[PDB]
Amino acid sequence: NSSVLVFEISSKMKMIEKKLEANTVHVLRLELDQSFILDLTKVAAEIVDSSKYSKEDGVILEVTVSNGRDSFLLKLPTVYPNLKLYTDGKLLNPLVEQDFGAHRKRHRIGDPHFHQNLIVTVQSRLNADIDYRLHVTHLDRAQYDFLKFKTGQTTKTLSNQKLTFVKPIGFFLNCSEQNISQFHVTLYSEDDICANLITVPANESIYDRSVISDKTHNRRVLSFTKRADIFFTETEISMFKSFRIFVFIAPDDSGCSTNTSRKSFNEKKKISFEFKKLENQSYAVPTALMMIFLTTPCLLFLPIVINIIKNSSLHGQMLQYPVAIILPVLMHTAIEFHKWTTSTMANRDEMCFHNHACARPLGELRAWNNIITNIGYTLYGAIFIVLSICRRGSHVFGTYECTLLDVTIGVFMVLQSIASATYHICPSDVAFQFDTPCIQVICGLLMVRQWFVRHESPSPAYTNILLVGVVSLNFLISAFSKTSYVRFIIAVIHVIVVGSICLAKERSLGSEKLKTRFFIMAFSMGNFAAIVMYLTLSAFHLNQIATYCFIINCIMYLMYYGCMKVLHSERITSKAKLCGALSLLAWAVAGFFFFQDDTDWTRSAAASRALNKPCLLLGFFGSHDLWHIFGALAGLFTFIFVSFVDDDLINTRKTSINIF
């Protein structure tokens, strides 16, 4: 004997059953003629009677497959964290037309005939006979090499393709040949079977870590169940110019869920594909409409404060103004920008989670709408700062001025715009979320303003303590999000803070029946109702509780201040009533749009990727964009109301001003 056995297999052979005698090697050869051009070939190996090898450790059977141009290795059994399968298969890069010689037309029978070989080798380390099974199946060039676009055709669609642990799928994309500068791919599935979407440059391998020391990350691995999205940017298309796309089913649903119990590692999944060619877009109409909508609100500032300004030691305040309050947002922005710029193109589709049903790209930014919709905060914060500085300028009549604290509120509105724009570059699970804590700070600052407005000029050191508390609460909620008692910690902290506020009110104002008793009663009832609401509903997500509580407390205290003004035989101007009504309406709308967020970092990446909320307006504005815009509007209206409410006391002597 020779220990090496050579077998000639036909092209019609799809299933091969053979017995590997001890210490023997099987070589199987299939001749590939010209009909195998651009045919994606899959080879799978299975061990017959795997129960006889349960006491054996390591690889029991080795299979090598090669067609001359590409190759791979099959090692059985394959070990995954949950299970061990005695079957596995891989894909082979198809042969091209250049592999069969130069014209292939007019075979006048003159130069030699050239063929290609598919070679399969089977080996084992066991000193015993093993029965194995081989599956040799192909995908033709009608389904592989499917991405060919006609003139005027920018979208192609596939539908309902079976997929299994034994039947992977693959596509070839040639951007240079098809004149594609931007490409987007979407996958749709109605069942919840875990699968993987793989994208690689056409000159790279998905199986071989081609060099010992690579550390290059050009391979995309996106686990998905219902939806997956990949976006090829101009930079990536210029860098690589050609790509291969693969979809593989995962043997176990452990990277996609926690409990589905599918029961048989080989199931079928139906997937529909969407291939679209994109071009650079300047969203002129939606941006112009958004700016127009954000502009006419400011017609309330013009007739009063700007007209007053027209009719009309600083160094000891600049050096003592707290400038360290801007630091956390700036460090977070720097860290996020560094993480974004040092990441590769492939990693940006894996580490970031956008609502791709309402994401409009711009260059490398996946969701330009979620970034540009933050301009209202910047505009209103700049207006607040400039107005407060200009409106400065007396000490006997009227309510105490609040210039520095209004400047702080404007500064934090600008910081909110910056932080929310930074967050939407790449939303992920990080130590500091920083999507809406500046709104909490703004609400607290408004509460502080109305608290101290009738005793003195409010100071921005309350900003220091408030910011420390807000950042600590954000970090604590982020760190305990995976546990089951985070909401109880939130409730305990909430109760402590509310009790401290009520005690401070009781000490500052005194125990009069009408003023402090009803304040404490209403505040405690409202906060207890909120705590009951977010403890036993499961409809309130973790990232919304703090913002909702801060907004509710700010609104309640503002309403209390207005009621106290009315009850003390004072007059609220109809302009202030209009500003308050607009603030209430805007806050209600912003909260309604904020509730539709549905963000949860405790679930799997596939569960996150399965979000399918489409745009609401002009194919550009979603629920989150409207939340940004209406939150900015609500902040503006609240600022105008607090600036304008005490206008009836402008001539009243400071000694005769009621305190509450």
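Numbering follows the first chain given and starts at 1. C-alpha atoms forming the largest set that superposes within 1.5 Å between two forms make up the rigid core. First, how it differs from the form deposited in another entry.
With the rigid core aligned between these two forms, only one of 142, 83, 239, 521 has a CA shift of 2 Å or more: 142. Here residue 266 counts as shifted, since its C-alpha moves by at least 2 Å between these two forms after the core is aligned.
Core-superposed comparison between these two forms: CA of residue 281 displaced by less than 2 Å. Residue 176: CA moves less than 2 Å between these two forms after rigid-core fitting.
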The other form holds:
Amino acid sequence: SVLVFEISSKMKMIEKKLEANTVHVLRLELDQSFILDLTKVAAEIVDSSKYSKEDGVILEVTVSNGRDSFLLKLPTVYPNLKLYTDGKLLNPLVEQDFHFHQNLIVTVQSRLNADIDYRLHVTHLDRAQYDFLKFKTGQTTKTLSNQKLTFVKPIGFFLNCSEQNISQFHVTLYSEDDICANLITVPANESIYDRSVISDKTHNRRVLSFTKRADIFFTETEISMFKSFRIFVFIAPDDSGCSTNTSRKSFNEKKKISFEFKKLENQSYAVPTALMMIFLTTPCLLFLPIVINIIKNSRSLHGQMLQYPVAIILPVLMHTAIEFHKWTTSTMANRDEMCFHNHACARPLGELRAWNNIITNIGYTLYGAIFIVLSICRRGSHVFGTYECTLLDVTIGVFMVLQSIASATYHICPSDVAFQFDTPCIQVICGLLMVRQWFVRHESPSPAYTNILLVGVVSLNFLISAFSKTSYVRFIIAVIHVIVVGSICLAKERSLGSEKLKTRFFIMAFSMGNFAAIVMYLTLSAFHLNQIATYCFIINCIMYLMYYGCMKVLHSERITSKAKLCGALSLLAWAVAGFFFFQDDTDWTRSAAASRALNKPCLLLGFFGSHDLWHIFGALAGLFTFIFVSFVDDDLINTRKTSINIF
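So the form deposited in one PDB entry is up there; where is the form deposited in another entry?
What follows is just the one chain, with no partners and no other molecules.
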């Protein structure tokens, strides 16, 4: 039998008993006072312990106001807990709906043949913080501070971009509590709870789980698709999307959140970009006096061009093609749940959420293209000087350009992919500079050593991503670090005859230098896994170029004044770049909400942060290091290859 109850507007908690096989229909008449009133109706099952063995849905509640509707099926079962009380939000009535009256209908049923007591909570949350995103003339930023969020009273906004003349929009949520919450956004026509065919395929709803920070970027193309959005903030009752351990799953914890809503206008960062190019083009004047003037004073390739390793480009270009496919097929809402930027220092350009991280890689392209051009132009000598490193200096400029393609692609969506490919091209540039100085006095160094160098770099960075969740990953690196460095110490003595002068102290310097690094990242959690292999290559590259320079003065060979300047600029730029690299703090083993909570502001001009200066000083470091090795043996330009000392 069906029982109809008339419920007043004053009644906020409704306690009734659902007799066996009885249906309760509760009605609340709605008038103009309910326009833009976001209402939450929740149901409680009194004496939840009585229904422990009863499986399935014990109580069914359906709430409707004629415009929106939802279903409350209790218990609502989560992976960790079962809740015998839950509610949902009813999209408010609008002035179009309103003499004539709307009405709020709640229907309660149960398949159980026993009597069931329940409680209905009708919560209102409106009149502010809903209808807040209305921007007055000449205003671009609005702020809500310390808005309280409970499991009973969620937060919810409505954004009409057609009404507010909004082209791009940014939402930021600040919280100091580490309490799990959810940021749900959908188009106004869509429903949070209503599933659509091909859910994962066609999905316009974004659910960002956060603790201390969360960011929403409504791109200009997304605003035009829907023209209006609904933003909701809920407390996650299960902390799985934000924490790995199960801790006090059942709780009643309030959460204070601060909001910032930006009305973004498309802009060109002409001042930070021009000042970045002036800073990057200034050190290229070192090429002018020594390298370029020789090209002025002077005025089979197909055998070298078809045997040159061009499959070293494929690891980077096949990653770029896959990351662009994964980016253009993703929906506008999926790009916010998937890509993890540092939104305190993320400046957008179109759909790109961090343009500063993409354009700051232009020093690698600029310098890499100069390394290729100058090496090709300055190869015009067979009896005097050291052997010309023309094709290895072109390979260093290729990986300098590839590092700009690999990093600009990582910064489009920084998600936890199998092959990271932000740093790895730096590790090849550093190993190629050691291969150059290894053979420069023996022979003309071959770019064929890039294959074993790149395969070892690509295989090692995939081996760290695969075992990153494990506890012994830093030991897997250390045993490879010893095997790789113990092989180089054995390759040196076999080549140089194990002389006590040069070979005996090369081994101790590299054994103590690399063991001091292993003790730092193995016995101490000094660096992150993404930074461990990159710091080890830079230190070994610097240690070898310092050994090569220390051996040069020990053999009574003078280092030119220019090579000492470029050598000190190489040490200085690698230390400044390594200081900004040390501040990345990106671990893909932690939860998505902990990866979102990390926010470090911009250091310079509102555009450059610690990461963008690592891109800028990593290319300066690669520039000055390339200019040092190219100038260090200029005093030997008139010495016969037979007289030249070999180390």
